[PDB]
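In this view, the complex is presented without one of its protein chains, the others remaining in place.
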Amino acid sequence: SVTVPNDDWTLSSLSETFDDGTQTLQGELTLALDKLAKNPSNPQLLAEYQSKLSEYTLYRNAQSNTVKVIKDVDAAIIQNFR
Amino acid sequence: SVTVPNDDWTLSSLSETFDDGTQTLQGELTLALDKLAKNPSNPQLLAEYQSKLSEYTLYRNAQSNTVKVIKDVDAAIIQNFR
Amino acid sequence: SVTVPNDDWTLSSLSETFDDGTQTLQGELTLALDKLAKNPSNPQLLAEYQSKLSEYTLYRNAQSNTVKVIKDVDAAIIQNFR
Amino acid sequence: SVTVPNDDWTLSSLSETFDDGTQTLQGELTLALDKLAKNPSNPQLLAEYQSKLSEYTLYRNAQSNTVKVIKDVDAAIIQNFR
Amino acid sequence: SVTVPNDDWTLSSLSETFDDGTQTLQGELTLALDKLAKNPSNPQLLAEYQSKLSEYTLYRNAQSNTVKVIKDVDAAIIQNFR
Amino acid sequence: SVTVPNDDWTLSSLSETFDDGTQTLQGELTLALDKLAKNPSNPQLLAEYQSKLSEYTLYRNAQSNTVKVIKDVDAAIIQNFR
Amino acid sequence: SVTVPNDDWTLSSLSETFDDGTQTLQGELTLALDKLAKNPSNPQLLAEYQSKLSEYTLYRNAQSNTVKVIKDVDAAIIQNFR
Amino acid sequence: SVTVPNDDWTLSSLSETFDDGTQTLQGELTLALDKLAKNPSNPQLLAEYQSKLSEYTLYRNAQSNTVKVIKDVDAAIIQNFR
Amino acid sequence: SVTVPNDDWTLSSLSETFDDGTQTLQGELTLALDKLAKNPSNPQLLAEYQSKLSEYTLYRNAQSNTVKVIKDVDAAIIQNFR
Amino acid sequence: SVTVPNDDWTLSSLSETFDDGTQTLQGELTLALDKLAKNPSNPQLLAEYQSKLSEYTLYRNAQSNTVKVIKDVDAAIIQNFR
Amino acid sequence: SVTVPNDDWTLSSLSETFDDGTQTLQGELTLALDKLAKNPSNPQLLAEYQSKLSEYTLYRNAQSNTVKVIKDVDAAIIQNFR
Amino acid sequence: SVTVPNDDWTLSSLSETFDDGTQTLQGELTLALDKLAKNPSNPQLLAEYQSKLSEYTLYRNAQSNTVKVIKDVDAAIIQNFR
Amino acid sequence: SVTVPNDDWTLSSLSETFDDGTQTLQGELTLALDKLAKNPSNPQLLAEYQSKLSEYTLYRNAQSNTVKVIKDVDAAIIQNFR
Amino acid sequence: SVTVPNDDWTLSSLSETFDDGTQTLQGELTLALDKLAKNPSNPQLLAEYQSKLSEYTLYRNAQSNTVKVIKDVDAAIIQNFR
Amino acid sequence: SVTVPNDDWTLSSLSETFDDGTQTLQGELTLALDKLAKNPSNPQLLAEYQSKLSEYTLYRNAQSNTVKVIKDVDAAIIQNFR
Amino acid sequence: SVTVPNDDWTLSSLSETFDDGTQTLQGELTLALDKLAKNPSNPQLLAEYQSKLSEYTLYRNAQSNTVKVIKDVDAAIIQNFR
Amino acid sequence: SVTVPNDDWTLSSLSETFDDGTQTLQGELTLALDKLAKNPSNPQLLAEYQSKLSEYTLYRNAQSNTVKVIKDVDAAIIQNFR
Amino acid sequence: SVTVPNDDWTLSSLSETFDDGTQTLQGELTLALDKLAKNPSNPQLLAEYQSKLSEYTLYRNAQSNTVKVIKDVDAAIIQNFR
Amino acid sequence: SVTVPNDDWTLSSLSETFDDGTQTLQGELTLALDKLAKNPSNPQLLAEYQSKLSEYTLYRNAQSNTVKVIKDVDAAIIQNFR
Amino acid sequence: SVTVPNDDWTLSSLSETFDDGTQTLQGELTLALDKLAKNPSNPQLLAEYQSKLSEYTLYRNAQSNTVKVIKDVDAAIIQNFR
Amino acid sequence: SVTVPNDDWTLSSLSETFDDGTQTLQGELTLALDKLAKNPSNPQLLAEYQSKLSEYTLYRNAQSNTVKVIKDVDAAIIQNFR
Amino acid sequence: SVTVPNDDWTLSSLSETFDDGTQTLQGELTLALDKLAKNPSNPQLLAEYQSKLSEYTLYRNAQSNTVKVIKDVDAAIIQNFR
Partner (left out) sequence: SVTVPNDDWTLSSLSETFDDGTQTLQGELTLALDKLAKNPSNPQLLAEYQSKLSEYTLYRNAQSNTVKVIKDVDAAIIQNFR
């Protein structure tokens, strides 16, 4: 489940890399969201939820931008076939 | 009625999570509001009403912000389709 | 007609508590005032009338101050709604 | 004329709840005010008038603050539409 | 009304897939919009309306991007005829 | 004067939906504003005026945000023509 | 010239209520003051004058306090417009 | 000089509505202020002056808050042009 | 002034189709713009102006994109003459 | 029924903490108020009643201010979600 | 030197109104104070001095309160500029 | 100095339309600002100044947004030349 | 050493007015007190001493009350600064 | 030193307008403050000082709010350059 | 050590103005207090001490209120920086 | 042990000033009281005792009033901190 | 300096047509830019500058696109020489 | 548990830094809150509670603002990927 | 049963301090009152009764004033929580 | 235990400064309160107790206001982080 | 140092135009900032500083937006080279 | 340690300018705070402390707002890089 600029990997492999490399964060975010839905008035809970949510959004954006850039590169090389 | 960063859930599922995870609070707030409308002069009643109202506002704001952030993330990923 | 710092009572309930808890005193004061208006020269009558009148004034002042303080507390809590 | 945090009610419904839940108090206050305007020298009358007036002011303030808070919440959610 | 990367389907078939696969959501959004136009002050109503509207916008954007990408692919293949 | 996510409606139709679905509220607000301009010292009048004004502002904001979002969606689809 | 916590009255209406509800007392006080200015040595005259003057002062104070409290309530509600 | 939530009115129209709907009150306040400046020792004069002054302040505050709220709504709609 | 994918029409015919099919909207927008230039403070006026302006921009963009696409198709066919 | 700045508690928990931590005081105040309503002329009784009433008002104010401050903090953190 | 709720006056104009509308009273008070400082034992002199002094204090208090209230109103309107 | 979605007008024509359609308002605002700079303590003056200033800001914002949107449309059409 | 309700005087000026306006009386009282301390048995001496002493006490009381009242007025105006 | 919504003026011009249009008031306030620092016990002096100070604060607040609003408008227009 | 609403002064300058403008009064009060502490039985001494003490309290209150008001104005202007 | 309205002194310093400035009087009063308790029938003794007792009461009252006034001034200034 | 699809014109002729047909606009833009560089705080100035700048950018883009398209056409015809 | 602008840390690391760097303060606040809930009448207790509560609110606000700013920076950098 | 300005005491503790620190005096007063009710003609008895009664009244007043002042201080600190 | 506007101190440090800088006063007040609870009839004792109590209240108020102001400043700076 | 849409100028020339056309304003802002850093309590100083700072921010924003727009235009023309 | 809108300075330079330009004020405030912590009962001390504290708060707020505004301007220019 690793990725190297060498002979073999793929885009779905990059997405799986982004998912698995940041996995426990998703479970922590799930748990924090549950606790928040229980009682939305505990400050420490709110701070942890904010941190986790921000990190999750950053992860999603980074993954999507990386996939987009790599697809653009590949489509650029393909066109040079002819 | 649970939500996990896994294969399947949705925004309306998040709203329903926020609603059901904090449900008895809404009934308590209803009852306290009724009692308050009966006699607006009992201090204990006022304190309980204040606590419940504050918690309710916090819940609404948290739910709305979470929905907004997730929609922003999704709209960000969609645009990277092309 | 009792009052407890618990779920339900009101200001008018406090006034009624002050009135009913000190009731026979009011009838005694009425009777003494009548007798005094009959013949204002009996010393024992004067002493009893003085005692009853003083106690009545004390009761009125205490009731009014208590009502005022409780209303102030309630108006203080209400403002903290927002 | 009841209100529940469920599918349907409105702000005017909250105001009507505050009005109807505390209705006989308004008639009592009217009657006491009339009697007071007749003869402003009866202590029991004054005590009852004070109690009723205080309770009425508390009711007005509580209703107004509740309406304000709910409107603030609604305007907060609306802005998250976009 | 299904679509598979096999011998037969079309672009309009993709649009119909997007429409029919997300159909009840459109009726729910219609109903919520109607209720909102009735009384724009119920928080639960606002939350449901926000969720449905966000999901609808996401659906429209995804459908349009998918159609665009597939048309681009087809126009790319056509040009390689000669 | 109804609107459904089906073959035919328009933006002006949405605005007319918002206007007609909340119509009697506008007349009530007019009447309350007139009465207020007559004598700005009746508490019940003030409470009703506050409720109606708040609801009116909420309606305006919701209508404007909905129109904005739908126009954004339409302009997004149009650009995918080419 | 009556006042009820219902749709219509005003502050000046409250002042007129206090004035008209206690009217004959003012004429009696005028007459007693005149007689007193004639001969300030009749005990019965002095007692009646004392009673009337005390009642008049009580009426003025009660009216002023009521007007003040109602104005405070109204100014409190007005501020919650925004 | 009337105002209706219909096709045509303006902010200055609202201010003129507040002014003209409460006009005789301003003349009465002028006259009472003049009389007060003549002899500041007549109780009835003082009570009428207090009532009129309080009502005038309430009118000013209500007018200003209404204008502010409507301007806020209009500036909110304008921004949604783009 | 109709257009069909059949033997005869032209690009200017498409532009005229877009213009005439959406004509009354242009007059309504003119009138609304005039009224707005008169008094830029009527909320209903602002909402109608926003709706009309948005629809007009959408119409312009759609017309331009359609003309562009058809010209591209025609220039593609012409080149295949040789 | 304890509260710690750690993973879990809530606003209603703070109110219950204030109530239960100062409980016997409320019963003592009830008893003293009853005795006072019996005979409002015993100095020791008056002193004890004054002490208890003052302490009760202090407790109410402190609880309300604490709840208000914590709600403000929580609403501040929530807004930083986005 | 008159003042009307119309287009033009000012606070200093109100103070000058209070001063000039009650002017001869100030000279009378000066003369009475001088005579009193001459011989503080003439009863008629004492009565006139008491009347004038009381009226003067009333005038000062009324002027100051009026100025304060009007300044408060003006500062309230100014803040609604933005 | 009129503008119609027909053969001929321009952006500067739109700006001149906004200026001339709302012209007397600018003179009124000038006069009110002058009077305010004279004596900043007349409530009616303050209310009129607030109304005029708010309307002026609304006019400026609306004009600027309209110009921006039309320029965006024109720049969109220009790019479709090629 | 005169005092007028005009632009300039002070409290110490009032005290000096009371002292100097009644000055020869103080010397006469001194002389009479000396003579009395010589031989306390001359009736005419006693009558003159009684008259002078009474007038002196009246002067002191009047001066002190006037100073107190003026200080109260000034402290009342000062507080209205804010 | 005048300002008109026409081709040329500036923010500093608005500040200078506020300063020069209310200039003699500043000198009067200086003189009154000096006199007050001399002898803080003359009632007329106190009343004039209160009036001038209140008017000065109103002027400062109005000037600052106007400058703020105009700067906001200008910064809004600037951003629409692109 | 003078102060003018012109380019340069400060709060401490206002305090020093209040101190130096009323300086000899402080020395006189010191001397009178010393004499009073010597023999608290001379009426003239008591009258002078009362006058000086009253004037001193008035000076302190006026200075403090002026400083407070000016600080409030300055803090109001500062916030309008942004 | 002196006190001056300058940089440093305190309330206890004022009390000590009152005590030490009138010290020998206290010893004289002690001695006179002792002698009086010995033989309460010597006229000269009675006159001296009366004089000393009166002066002592005057001293106590003056000290207490001065302390009260200064504390009031200080508490007034403190509140103007905010 | 005119251009017609007839026997004679050129690309530089098209550029000169674009320049001369829109000439006064360039001078107006120069003047407005100068005035803006003088004082960047006049709203009318900002609006005119925005309009002129937008129109100038549109003109540049249109000219460049037209030149590009005509050059492409000419280069297309040239290649068909052989 | 330290954080440095170097190769490795995260948002949750910043939150944990804020929590652990200010830890004993939270326990002290817990203890003080408990003691306060016991007896809300000890001044030293109140002062310590006020200090701790203020510091806690400051800590929460600072942590939240820092997290928000860093997330904004990160989301800014991510977008520059393409 | 001692009280120190240190970590722990309360208002009721102050009342108990006043009661227990002066306890034997109450028993002595009881005994003296009994003896007086037996035979109200013994001079020594009367003197002792007068002394004890005076001391008791002083104790009550001092206790009440101390409690009042401390409650005022505590309520002052509480309000500074926010 | 000193505090300087330099690199390091805190709010609790300010409270400790207020406590330790005024420490012996607290012990003196304790001792005086004890003595007073012993015998509430010694005038010198009463004067010392009054002085100490007044100074203590002043100290508490000053400390609380200073802490409040500094917390307000800090919370103001924190918000400017973003 | 002038700029005209004619044969020769550049971007740095535009920046220098913005700098030199608004130069004295920068020196005035420097001087005002220095004076403010000296004594931040002079209202006139604060008003001038606010005006200058606002104008400076407006100038910076306008310059930056103009440079951005012109660079965009130039980069648009360059791409049409081929 | 000076700052000019010229080639070189920075934000920390602005903060240092605010600190050093107002430096002696900080030492004076330190000294006054120390003296106040010694004896909180000297009026002159209280007045000086109030003045210094107010000026310090003003300085902090002004510095923070200036830094915020300049950072906003810089972040605005940076974004126009692309």
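Letters are used for the chains, namely A, B, C, D, E, F, G, H, I, J, K, L, M, N, O, P, Q, R, S, T, U and V, taken in the order the chains are written, and counting of residues starts over at 1 for each.
Here is the rule we go by: a residue touches a chain if its C-beta (ideal position, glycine included) is under 8 Å from a C-beta of that chain, and two chains touch if they have at least 3 such contacts.
Tell me where the left-out chain touches chain T, residue by residue.
Missing-chain contacts on chain T: residues 5-11, 70-71, 73-74, 77-78, 80-81.
Which residue numbers on chain V touch the omitted chain?
Spelled out for chain V, the touching residues are 10-12, 14-15, 18-19, 60, 63-64, 67-68, 71, 74-75, 78-79, 81-82.
Touching the missing chain, which residues of chain R?
Against the left-out chain, chain R lists 2-5, 17-18, 21-22, 54-55, 58-59, 62, 66, 69, 72-73, 76-77, 80.
Operating definition for what follows: only the chains that are shown with their structure count from here on.
So which pair out of K-L, C-J or R-T basically repeats H-K, with more than half the contacts the same?
C-J
Rounded to the nearest whole Å, what is the centre-to-centre distance of chain B and chain E, using the mean of the C-alpha atoms as each centre?
Taking the average C-alpha coordinate of chain B and of chain E, the gap between them is 28 Å.
What are the residue numbers in chain B that touch two or more other chains?
18, 39-41, 43-44, 46-47, 50, 53-55, 57-58, 60-62, 64-69, 72
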